[PDB]
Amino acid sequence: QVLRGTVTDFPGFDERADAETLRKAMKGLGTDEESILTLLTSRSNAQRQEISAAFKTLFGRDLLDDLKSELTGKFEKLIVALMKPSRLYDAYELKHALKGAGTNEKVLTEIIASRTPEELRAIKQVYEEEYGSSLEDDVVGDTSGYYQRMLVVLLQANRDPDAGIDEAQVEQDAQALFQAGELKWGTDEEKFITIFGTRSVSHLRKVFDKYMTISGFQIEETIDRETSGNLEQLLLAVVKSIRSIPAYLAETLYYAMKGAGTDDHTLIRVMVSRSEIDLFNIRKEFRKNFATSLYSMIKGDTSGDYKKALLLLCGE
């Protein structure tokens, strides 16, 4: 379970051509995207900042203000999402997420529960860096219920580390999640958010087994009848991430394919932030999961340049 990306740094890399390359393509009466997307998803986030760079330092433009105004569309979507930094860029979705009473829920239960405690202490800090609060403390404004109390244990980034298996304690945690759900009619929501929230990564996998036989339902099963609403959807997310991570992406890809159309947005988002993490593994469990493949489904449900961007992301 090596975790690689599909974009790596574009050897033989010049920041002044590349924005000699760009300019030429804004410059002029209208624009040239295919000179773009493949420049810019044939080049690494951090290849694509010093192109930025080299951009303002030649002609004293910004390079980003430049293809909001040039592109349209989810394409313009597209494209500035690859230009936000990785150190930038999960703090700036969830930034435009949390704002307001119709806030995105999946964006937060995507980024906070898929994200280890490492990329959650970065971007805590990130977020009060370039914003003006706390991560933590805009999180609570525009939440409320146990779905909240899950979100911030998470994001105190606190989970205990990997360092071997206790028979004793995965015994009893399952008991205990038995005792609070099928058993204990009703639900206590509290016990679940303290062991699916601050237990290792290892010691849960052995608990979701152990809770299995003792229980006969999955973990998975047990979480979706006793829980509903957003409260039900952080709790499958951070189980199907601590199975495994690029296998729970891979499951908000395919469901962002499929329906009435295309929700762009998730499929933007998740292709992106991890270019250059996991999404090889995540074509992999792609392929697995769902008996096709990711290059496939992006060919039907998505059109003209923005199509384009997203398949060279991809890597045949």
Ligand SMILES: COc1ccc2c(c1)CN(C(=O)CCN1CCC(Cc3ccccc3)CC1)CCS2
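C-alpha atoms forming the largest set that superposes within 1.5 Å between two forms make up the rigid core. Positions refer to the first chain, counted from 1. First, how it differs from the form solved in complex with the named molecule.
- No residue of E118, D224, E129, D137 other than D224 has its CA displaced by 2 Å or more between the two forms when the core is superposed.
- Shown in the overlay between the two forms, fitted on the rigid core, is a CA shift at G197 smaller than 2 Å.
- The rigid-core alignment places the CA of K184 2 Å or more apart between the two forms.
- Core-superposed comparison between the two forms: the CA of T103 exceeds or equals a 2 Å shift.
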Given for the second form:
Protein chains: 2
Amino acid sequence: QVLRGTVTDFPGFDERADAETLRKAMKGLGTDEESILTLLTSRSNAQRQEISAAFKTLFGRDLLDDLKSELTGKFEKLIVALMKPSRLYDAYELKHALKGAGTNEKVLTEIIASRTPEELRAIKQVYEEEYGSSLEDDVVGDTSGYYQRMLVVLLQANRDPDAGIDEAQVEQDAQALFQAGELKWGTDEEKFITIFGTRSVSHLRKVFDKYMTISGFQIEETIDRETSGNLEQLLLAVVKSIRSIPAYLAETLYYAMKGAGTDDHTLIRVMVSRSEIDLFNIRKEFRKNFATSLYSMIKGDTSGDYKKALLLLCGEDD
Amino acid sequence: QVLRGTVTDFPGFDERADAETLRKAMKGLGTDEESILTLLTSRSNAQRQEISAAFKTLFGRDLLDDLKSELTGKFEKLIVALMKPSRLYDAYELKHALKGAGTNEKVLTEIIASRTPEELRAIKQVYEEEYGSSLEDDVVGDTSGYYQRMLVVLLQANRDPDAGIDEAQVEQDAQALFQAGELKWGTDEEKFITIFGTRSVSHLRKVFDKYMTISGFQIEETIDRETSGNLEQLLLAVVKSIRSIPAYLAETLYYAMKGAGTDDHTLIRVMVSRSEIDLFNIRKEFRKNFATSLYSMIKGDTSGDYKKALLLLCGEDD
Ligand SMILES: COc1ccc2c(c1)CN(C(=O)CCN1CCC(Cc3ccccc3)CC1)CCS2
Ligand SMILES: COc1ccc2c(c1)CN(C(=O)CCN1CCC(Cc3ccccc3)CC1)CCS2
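Can you swap the form solved without the named molecule for the form solved in complex with the named molecule?
Full assembly next; the chain just shown is listed first.
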């Protein structure tokens, strides 16, 4: 097992040259979207940034506002994501959720549960460095009750690190996840919260196994996906995430594409945020648990230029 | 994988209660092995340094000098490896294979072939500081031929990023490895040094795949494990470590205990060094590739107090 994405460094890259294709593309005419497109998706994020630099030094123009005036719709909204520094992208998306795209647990839940401790720590740091306010306080401020609580637990980045596991605390803990299952996770939130937030990854993987031999069931079985409140969804995100991050995101991506209308906000966040970290893994995983390819899914459930960009990001292999 | 070791931090660590315990353990009273033994292998390494230091504030004795003057043979060499700082254990054993050892090409192969880039980067500089000379320049003076050359390449820590895996590039590598295979690795030479030492890992595992069906058989079968001088052992070891590190090391453990005698020195090096990184993982790949339990072979083949300490290091299970 080796984590990896779909966007690699362009060899032969020249800041100053790409700055010209782009300027020239959006020069006076309407717009060569097809050029903006193929280029920005066949560069990496650090290379995008240096084009952003070449643009200014050459032209006196801000690449980011130029793009943002000739592009619209789901197209714009993707391009704008690709130009965003990847150190920064998640802290950004959190703010949007904490401040103005709506009522926003799908994001808080999904970023917080799926980002490892190295990441939550960095996101927190940078959330405050960029945005002036601190991640934790914005979260407290716009959330509630036991959900708020566990986001706060996850957000500390303070899991017991990995060594030889206590089949004795495994037996207690699996036991207590059983009782809180039977009871619709509506009693002793107090208790399960730490089990899922402060325990380790392969404590919890052990635990989820001993869970099966208490109850005959996977822990996932306790928690339905349409209806549920906030908390249940956080639990089940934690759960799937402990088992496998690529796999959780592959899932999040299928359910972003099922249903009337559909979910471009998600498509975009996952695609872009993972483009240089694990996207290949998510893709091969998607072929694995859902048996049409990520590529194929997208080509059916997207249109026009946005569609094209997507697939280019996606690549093609598995 | 989640890579875990078998040694953890003792909760409620008392730096000097433990220092006392080592005093009356080895004082008067020439020695008392089983509290020495059990203490050191329930405390993590960095805690053993704290016990080493509170020993000096408290008593005016250098803990380590004391630990080794009351103890003999293999057990002694174990305690002396346990109280040797993580950062430093590797570079010390490189050195003691290089400085003065005889002709120890076995230890070089092992450490450089199993260590990741970031572990080699820390070795090189902590090596460089601790013994005034650079790890490379030493490696160079006592070795020669392509064995030297290949080591210098691995010694670089700069091997391609796991990325877009280029189908065309694979096949040319695999045929080049087919080419040099039939010629028993005795010639062509200089291109496989670049295939092994620089290709990206998710790349080199696909070449390992693509090769077999060119050749009939795995790359490994081209090389005769025991009837094979330095280079071919290195090469072999690199191939192995590319598929899985815990599995190289599991093979090296098995070959240290299987047969006539015991390679005790080797057994100490692996058990100790990897005890806080992947020892559980070496234990698990051990049982799956050899059908016995590491624990129960260290038993079958080692003796006395050395044994109980090893089995404590080895950890409780599976
Ligand atoms: C304390 O340990 C922790 C604490 C929390 C978490 C993990 C490890 C990771 N995890 C795992 O399943 C194990 C390891 N896994 C996580 C993703 C990471 C890959 C990755 C790289 C860069 C950016 C994002 C993801 C490494 C492999 C799930 C819960 S989040
Ligand atoms: C260019 O890369 C390299 C170059 C050389 C080598 C490795 C990685 C390690 N390796 C692999 O197959 C990569 C898998 N690997 C396991 C070790 C390490 C585990 C790990 C994870 C997180 C933090 C510390 C250690 C990194 C992932 C075997 C050959 S030596």
